[PDB]
Structure formats: structure tokens, C-alpha cells
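Could you build all of it, start to finish, from the sequences and the hints given here?
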Amino acid sequence: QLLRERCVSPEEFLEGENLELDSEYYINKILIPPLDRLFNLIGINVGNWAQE
Amino acid sequence: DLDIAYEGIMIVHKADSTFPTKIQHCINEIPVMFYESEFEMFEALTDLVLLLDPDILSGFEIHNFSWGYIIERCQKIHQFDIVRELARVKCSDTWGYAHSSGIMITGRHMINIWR
Amino acid sequence: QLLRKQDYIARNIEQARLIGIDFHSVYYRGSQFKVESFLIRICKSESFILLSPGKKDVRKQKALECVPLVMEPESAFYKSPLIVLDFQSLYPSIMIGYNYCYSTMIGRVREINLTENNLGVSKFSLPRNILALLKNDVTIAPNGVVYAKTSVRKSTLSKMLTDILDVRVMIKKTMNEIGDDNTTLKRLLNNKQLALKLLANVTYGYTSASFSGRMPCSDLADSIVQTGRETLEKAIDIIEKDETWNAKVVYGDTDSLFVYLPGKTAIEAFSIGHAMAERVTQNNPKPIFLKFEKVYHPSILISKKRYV
Amino acid sequence: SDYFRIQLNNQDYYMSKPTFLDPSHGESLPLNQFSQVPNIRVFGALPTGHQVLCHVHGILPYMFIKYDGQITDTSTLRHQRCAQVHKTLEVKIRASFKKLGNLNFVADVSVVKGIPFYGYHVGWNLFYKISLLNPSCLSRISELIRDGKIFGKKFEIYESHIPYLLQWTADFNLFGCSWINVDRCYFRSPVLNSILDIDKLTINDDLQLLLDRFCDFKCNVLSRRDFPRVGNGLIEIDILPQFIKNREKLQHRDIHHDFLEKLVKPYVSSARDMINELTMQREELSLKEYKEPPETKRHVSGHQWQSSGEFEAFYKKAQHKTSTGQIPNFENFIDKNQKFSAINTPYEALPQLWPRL
Amino acid sequence: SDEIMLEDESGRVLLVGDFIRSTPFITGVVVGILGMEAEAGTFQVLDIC
DNA sequence: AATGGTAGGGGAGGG
DNA sequence: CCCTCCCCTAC
Ligand SMILES: Nc1ccn([C@H]2C[C@H](O)[C@@H](COP(=O)(O)OP(=O)(O)OP(=O)(O)O)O2)c(=O)n1
Ligand SMILES: [Ca+2]
Ligand SMILES: [Ca+2]
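Protein chains in written order, with UniProt numbering: chain A, 1321 to 1372; chain B, 706 to 720, 723 to 798, 805 to 828; chain C, 890 to 1197; chain D, 20 to 117, 130 to 294, 302 to 362, 365 to 397; chain E, 143 to 191.
Treat the hints loosely; a few may be bogus.
To be verified - Label pairs and their computed distance ranges (CB to CB):
| no. | chain 1 | residue 1 | chain 2 | residue 2 | range |
| --- | --- | --- | --- | --- | --- |
| 1 | A | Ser1329 | C | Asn1007 | 39 to 45 Å |
| 2 | C | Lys1062 | D | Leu232 | 46 to 52 Å |
| 3 | D | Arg215 | C | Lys894 | 41 to 47 Å |
| 4 | C | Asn1007 | D | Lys379 | 30 to 36 Å |
| 5 | D | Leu232 | C | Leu891 | 27 to 33 Å |
| 6 | B | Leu759 | A | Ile1352 | 34 to 40 Å |
| 7 | D | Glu350 | C | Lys894 | 36 to 42 Å |
| 8 | D | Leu232 | E | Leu148 | 35 to 41 Å |
| 9 | C | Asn1002 | D | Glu350 | 18 to 24 Å |
| 10 | B | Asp706 | C | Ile1191 | 54 to 60 Å |
| 11 | D | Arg113 | C | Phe1100 | 33 to 39 Å |
It is worth saying that the hints were derived from the structure and are not from the lab. Cβ coordinates follow ideal geometry from the N, Cα and C atoms, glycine included.
This is the structure we're talking about:
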């Protein structure tokens, strides 16, 4: 289910019966890389804080 | 500083006998003009533009909307070239629609407000 | 109200009155049109005749061989103050100080023939005894192009650039003298100064026109970028050549200098930055001027063109 | 003021037949009239607020090419060469675009002196001035001359990437959204237009004064049969190139024909108005005054770089090459021959071909 | 802004007068206004049902 | 139909 | 585990 395959618009998402945001994809691939860069310049990995 | 009230509304109504007065009362501020069809409304719009003679014609996304919508209606339905009438002279721009308004009226400028 | 809050109409009218183009050509045309509108007037004032190369001539010119300087930043978390220097109007001030223009180019210092020369998109022929006559009044660029000095001919690009930059620095000096006035005036003055900065930058970019150009010159822009890189490197050396200022430059993007002062009580970092700016400015031609303009007490340099 | 002021809100050009307000002849081929001349339409607004349409006549586009003869002509061979190149250009253009009468593409060819801008030239150079009729095909014509299709040899084109409207605005010191100071006009079919009713609601006392000052109704209004109105607005005028008085305020300098600088800052005139507006809007804020102190700078002995020694050696080698035994001087370098007095300068050449009074 | 009007699925009229002012009203309430048009599209009020 | 350049990084999909 | 294609930000 490639990212292009789901790609719901706000109109389709707010009217869909059973549609929930991809919390795993959102969290990981939109929050973990930039925080990893910013905090590996310091010496701490942010990915370990989310698994707990 | 002429008498045009700087605002106006044009509404189509084939004329029942209650809609014009109701609209005028609910507005109470802007003088509303009612016409029998949209061709008369476009002719009145042409006369209005020729009266004030504005140097800039603008709008929000005028390609698929107000100015472009009126132009396409006049070109497809009524076969009436309104772009030659709105110009200040009686007698296919790909770069236009890309970074500006593709509508080119002689004498007047066109501003795509969203761009 | 959307066009009145941004003052779009009045700003475009002012920009058309400054350049000299129609109101529609301000947002519908490109950037070369404004530079052309300036140049046609400035050159017709002095009886110049401009060249108009074709599309086949611009493509067959020499490619750009001079690149700017982007230092690799030391990616870390900086706790101590990090002074951020910056040249104001780098390339325009360079064209003004070193007298770079089309009217002063003599030719590349190497392979100077007497009948067949090459400068960008044109060919020409030097006189018999012009080099033995001008050996004193020349300024060879780092690229290798010989330019006539100001004592024999003042360039035309310099005039437009000085006028535009004077107006810009006046706008900036007026903008930096108001604290109580809200963004109602500061935002408009910032927009005006940014428009003038863009005008100067596209006046530079009008040269060598790598694609879709109308009067390019690869050698001119190459010399401009090369002498800019050389000025930046000389500034780096001057800053790192002082023992009292035990500073080290950690980043810089073709004009900037991020000097790091470990544990330096930022109150005095302003004085150190002002002294560094004055010292680097007093070693350059007149229109060149280094500015301090801020300091980063905490900072993170992620990579090139990425920091906070 | 004492001038008729028109602002530049929008401009456009069109083609029309040569009337008595348009040039119909030339100097190279005077016996061949024109078939169509360009006319510029300037949609502007009077200082009172009334829109006005202006038909600017006599403005013809042009472009320069390198002169082929020598500077030792006797002013009679010049006209022969101009007629020959005019005939060649006209024939070749008519053959390309599919007794050589009624010129349709080329108007006239003259001989002007000039100084090239792409490079360091310190001497007068002779050029042609190919005044064209239809500017839309101008570039196309260049694409022929630069390709060697007209003549046998390829010719570089000078001042052709500048459009027609930009040339017109630069030649007459005109700026966008600025006033056109003109002292004489020519009015057309009824001055107050009666499209629907605007001849009564828009007129006021100021417009009436402007009309009474510049409109005489006896020898100033053009006939309705020869010059009908083509404008859906208020008063319509026609001006000649002689009438535009925004020019003659330009400072023409010739400091590039000799080593004159070897023996003033406001060059851009449109920046002084912005500076004045800035001083006004900063004095309204109780700011004292503007000033800038100069910093005493001490550059390097020669601002040398990495390859400065190699550059100096190469310059010495080139000076040894480009030299033939003598010594050059700044006064005797450029030869004091070919006086170039009869040859017209670009700003002294455009006043030519203007039709008449 | 400051006016009481009467809507009956065919438009509205201004309820001018004095009997209409000395009575509290809430929008949506229906009444049986009996008045008289005087000089414009403004209805006077004499009695209320 | 008209256009100013260079440099840099990050994410997605197919390999 | 490298390539192109796309986004868009900074000089
Ligand atoms: N759109 C741009 C932005 C910048 N530059 C080049 C020309 C500048 O000389 C140089 C410096 O970029 P800046 O953004 O710092 O602009 P300036 O240094 O010229 O002015 P200022 O320092 O006042 O912002 O980059 C360019 O060619 N085109
Ligand atoms: Ca800078
Ligand atoms: Ca910078």
C-alpha cells in the first residue's frame, strides 16, 4: 500500500466511515528523521523514545 | 466622484413579483438591478465598464471564475465576443495562464489576486 | 482589502516608475526586461550601441567555470555566541569597486591575438598599441580578464548600481530608525528594500545568461563570482589572522562568516563583531562593506543552508 | 502646468495607412511611398481624472548593422550605399515572406556614428540605421540578416532585442505611470465622447479649462471623415514626435569618443523622485536628516590574487605581441582624421524622418 | 441594526410607530400587527394580536 | 510565449 | 543500497 495508494483528501477523509490517520507512518516518517538529525547533532536518538 | 455608489448587484429574474422587492429590502444599502436574461446582464456589465472606464479589472482566480467564466459563457452559448467589447478600442497565451492572468483586454489590466 | 493591505497597486506603480516599464510588464514579464530598460537609457545617454546575439550564438559561448564558496559547516550544537557576518550587496558592490562591465572588457589575459579575439558571444580586434598604452590603467580579474581602470573610463553598470544601492541603503537607514511604528510602514519599507535587492541581483544575473539570455557574457560573471570567492577567502584569512580574537569561522554561504567565540559573554561579542567588520571593511575597495547585523548565542548548524 | 500631461497606464501598437500626420517618404528611396506605418496607442489619464487615448505617429522601429564602406566617403556615396542596401533588403524580405514601389517592410537606411558597448571601444564606429515599418516582424528580419540570407556574409545585429515600445519610451525619456509633458495636440471627432452619456456626467470645470486651453475648434480638431474615433472612452488626441517635450531634458554625453576622462551621481533620473518621497515620508516622522560617512579604506598594493604573477607575465607577453618601434601616447593614439561632423549621432538621427509641420 | 420588522414568507416591512416600541419582542415570535402604511415601505402599528 | 543564475538537501519508487 | 524524479529553500 504505497503512499500514493491511500492519499485521501480532507473531503474524502471527513466523510469516510472507517478512516483513521496512519499514526505509525505519520509519527515515524514525518517526526523521527528531523528530530534525529537535530538531536544526533547533540548525541541522543529520538527513535528510542517513541518505542517506549 | 460621480454617482455610481461604488457598489452594485446584477440579478437575473424572468418576472414572481415578490423576489425583486424582497431582495431590494433585504439589501437596503446597495442598489440592485434586475434583468430578464444573462445577455442583457452582460450588456449592462459592458455599459458599466465603459462608463467608469477602470484601468484594472481583477478578481480571485479569474480563469475558471468571474471574468473567465463570463468570457467562456459569452463565447460558447451566446457567440458574443465580450473581450472586444470591454476593451477601450472599438476596432492562446500559454505563458499567460502560467504566471499571470491569460485574459488580455486592450487598454485595461488584469490582476489574478490569488497569484 | 487584500490588495490594499499588501499595497500591491501602489508598490507596482512605484516599481514601474523607477524602472520605466509599463504597469503590466512589472509582473507579467521577467527580470531581464527591467535590466534592459535601465541599460537602454543609460547607454543611449552616452551614444552607445548594444549588441544583439542570436540563440545560436549564446549556446556556443564558453560555459561558466567559476563557482561560489560554500563552506562545509561543523555540524554541532554551539553554546557560545556565534557572530554572523554578511556582505551587503556583494556582487553589485564588486561590480562597482572593480569596474566590471561590458564597456571595460579588453580581453582574457592569455591568448591575446591582434585580429581574432573572443569575449562571450562576440569577436573583435584590438588596436596596434593599446596594451603598451594602458599597461598602467588596467585591473586584471582573478578569472584572467583585463578591465580598464576608472581613470580611463567609468563603467555604465556602476552608475545604475550605485543609484539603486544608494536608494536601498537610504530605505534601510530610514527603516532602522523607527521602533514605535508598527509593521504598517516597516513591512512596506522592507518590501521596497527587498525589491531593490532583487533588482541588483538580477542586474548581476543578466550577465552570462546560461540559458534564455539576450546579451550574456560568461567572462564577466565568471570574474564577478571568482573575485567574490577571493574576497570571502581574504576575509576568512583576515579574521583568522588575529591572535587577540581567537576565533574560527565555522560556516559561510558565499558572503557570510560564522565565527565562533567559545565562552565570550555575548555583551562583548557585539564589540568583537563590530571590530572584525571594521577591520575587514578597511581592506577592500570603497563600495564593499561588511556588516555585523546579528549574533547567535545558541545555534545548531545542521548542514549547508540549514541551521537554526 | 503649461503642458498637456498624460500618464502611461497602458500602451499598444497597430498598423494603419499613412495619413498626412504620418511619414510617407524617406531619404534612401524617397520616390517609393509607404504602404503601412506603425501607430502607438497610449491609454492614459489626464491630471483631472479623465481617461484619454493618444495616437503617437512617426515612431518607427530600427536596428543597427556595421557599415561596409570606408570613413573617407564624400557624403554622396553614402546615399548610394543606403539606397542599395534598402533595395537589397526589400527584395530579399519580399522573396522570403512571399519596380519596387510602395515599400512594405523597410522604411529608410541612414548612416550614423556609434560606439560599441560589448567591449572596450574608444573610437567612433559607423553604423547603419534600418528603420522598419512593421515592428512585429522586426526580429524575424534580424533572423535573416544574422543568418546570411539577405547578403552574402553574416552581419551582427545591434539593438534588436529591445522591443519597439521600450525603444520608444527610452528615446523620449518616458516612464511607465509617469506624465507625458506635451505642449501641442490634435483633437478628433467630437471631443466630448457621447458613447452612452459620459459627455455630461464626467465633465467638470477643470477639464473645461484644459479643453479651452488646448482645443481651438478652428484649426486644432481633425476632420471626422478622415480621422474617426476608435476609442470607447473620453477625449481622444493625436500627437506628433515633435510635440513630446519630455525629451530635450536628457543629458547627452560624448565622453567615449576620445580619452576625455583621462584628460553627477544621479544618473538614473527616476531614482531622485523615490529619494524625495523617502525624505518626505521620513520628515513626516520627525527624523532629522540623512547622511553617510566615508570609511578610509586601504586596499592591497594591487589587490593581487593567486595567479597574479602569471597574469602579469601573460600581460607582458601580450604587450610584446600587440605592439608595432614606437611609443603610444594618450593624446596622439586616436587619429585626428575623419572629422565625423556630417555623420549624425543616434540622438541627432531620430529627429530625422519626422513627417512635417 | 435597531428596528423591528415583520416577515411572513413574502418579505419584511419596518414596524414604525409607538405601540411597537413599548413592548418586548424576541425574533421568531408571530403577531397580528394592524397598522397603516404612511410614507414609505414602513408599516405603522396601532394594535397587536 | 516568454524565460537571470548556482547549490543543497530530503523523500518515494523502482530496482 | 544506487539511480531518477519531485519539492523548494538558501546564496
Ligand atoms: N535571488 C538571488 C539572491 C542572491 N544572489 C547572489 C548576488 C548577491 O551579491 C549574493 C549575495 O546574496 P544576498 O541574499 O546576501 O543579497 P545581497 O548580499 O546582494 O544584499 P544584502 O546583504 O543586503 O541582503 O548572491 C543572486 O544572484 N540571486
Ligand atoms: Ca549578503
Ligand atoms: Ca547570506
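Structure-based check of all given hints:
no., hint, verdict
1, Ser1329(A) - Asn1007(C): 39 to 45 Å, "violated, 57 Å"
2, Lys1062(C) - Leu232(D): 46 to 52 Å, "holds, 48 Å"
3, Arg215(D) - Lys894(C): 41 to 47 Å, "holds, 43 Å"
4, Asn1007(C) - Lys379(D): 30 to 36 Å, "holds, 33 Å"
5, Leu232(D) - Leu891(C): 27 to 33 Å, "holds, 30 Å"
6, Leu759(B) - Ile1352(A): 34 to 40 Å, "violated, 59 Å"
7, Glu350(D) - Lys894(C): 36 to 42 Å, "violated, 59 Å"
8, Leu232(D) - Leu148(E): 35 to 41 Å, "holds, 39 Å"
9, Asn1002(C) - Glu350(D): 18 to 24 Å, "holds, 19 Å"
10, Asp706(B) - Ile1191(C): 54 to 60 Å, "holds, 59 Å"
11, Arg113(D) - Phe1100(C): 33 to 39 Å, "holds, 35 Å"
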